[PDB]
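A lone chain, given as structure tokens: the form solved without the named molecule.
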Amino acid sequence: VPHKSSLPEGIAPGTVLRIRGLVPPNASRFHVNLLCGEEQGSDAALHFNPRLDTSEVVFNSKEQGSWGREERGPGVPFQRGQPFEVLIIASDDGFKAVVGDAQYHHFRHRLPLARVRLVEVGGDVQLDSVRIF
């Protein structure tokens, strides 16, 4: 961490981002970002932000340097000291977040999916693997 998977050909409907790792014992929060470029502060088609400290999972986007309106999933299917598996699945309509074996949240596209060019995973997380199919 901070992880960085470049996506020069972008991502299309039917793309699966598979993220496996450990939330370490003193973790505050971590994030998975689908970014439109490599510059610092690049627009984000999806910002996925489990907050162990506040017991929420936040979803948002960023454009022109300005954040959108946050969406929240139900509860927090993550725990300090426990490993996790997250799927982020691109459809034509948005991103499906799967945590464990349960569909967790659907985030409607706000930026065109064709803008995505990079996946960034950072924060308080010890990554096992990041794979993009």
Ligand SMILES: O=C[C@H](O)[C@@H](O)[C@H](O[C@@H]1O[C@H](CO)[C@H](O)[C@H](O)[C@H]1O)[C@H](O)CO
Contents of the next structure:
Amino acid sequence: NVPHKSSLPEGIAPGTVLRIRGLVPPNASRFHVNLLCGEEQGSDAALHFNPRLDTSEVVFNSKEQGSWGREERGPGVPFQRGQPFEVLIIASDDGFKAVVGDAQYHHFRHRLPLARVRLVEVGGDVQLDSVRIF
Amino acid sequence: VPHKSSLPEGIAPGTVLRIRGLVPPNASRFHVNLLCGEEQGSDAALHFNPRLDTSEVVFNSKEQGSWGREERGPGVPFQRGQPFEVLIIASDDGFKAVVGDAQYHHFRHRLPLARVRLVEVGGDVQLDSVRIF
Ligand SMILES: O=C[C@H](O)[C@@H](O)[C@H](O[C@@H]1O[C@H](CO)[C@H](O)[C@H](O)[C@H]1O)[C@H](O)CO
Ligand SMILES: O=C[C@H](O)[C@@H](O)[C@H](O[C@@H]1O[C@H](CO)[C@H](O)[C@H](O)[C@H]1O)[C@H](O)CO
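Coords for the form deposited with the named molecule bound, given the form solved without the named molecule:
Full complex below, order starting with the chain above.
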């Protein structure tokens, strides 16, 4: 399972959509979508979106100065081992909207300034069919 | 069956309209409108008009009964008989129209986003889902 990692040197603005399509492997534990503020390991994360099949939860968080913030959890787990999925992460002036399947799943208010985002990473236990940034 | 639904407080950067459907095999043309009201030929902040009969996709606005300058996208990323997915994505500068897996055209705003009040989808199109995110 090849991870995705791509630079956003120009940044992301309100009205940016990240579309992720793929499949949860039948033996999956967890996977993640990070919007990061730099290339280096331990860089701050404006958004860490972490569907957790092993603990039946989807955790949202940020990271600054090597420390994770307050966790937010979405309602239920709209993911299943062995099943394909589609996620939109939509940036607005107020935060990130996570859409899974046909419904908004959770809204994550900005903690870091949106202007600090310059990298998108998708990895973990996930088979990626397509990642695109519009 | 056409779609028509209200956006009573307008929209904002980060508003996404997702349309999934199918172009009938004898289709001539269909439309996606973002309108600023309900009565009249209300002002159109966005008129997105795939035209299978004339092989063009036209974008325009309408204000006080008059159409703006037409913009056309590159090619026609729709086909008679084929299913499609469109995203119309509002930013502060304009609408990003995504068709299939690629941005198709960027339409800079002529009307303010706050004035949008209605989404209408119709014409020769079969609609599986229309969602505003
Ligand atoms: O069960 C609740 C805990 O609060 C748990 O969530 C935390 O897990 C980390 O959470 C991070 C984002 O918060 C990130 O995903 C990292 O990978 C996870 O180890 C703890 O540190 C380890 O128990
Ligand atoms: O190139 C051809 C013309 O410029 C043509 O495209 C215009 O057609 C209208 O275009 C509107 C959007 O501009 C909208 O689709 C409307 O319904 C259409 O009648 C003309 O006014 C028709 O004489």
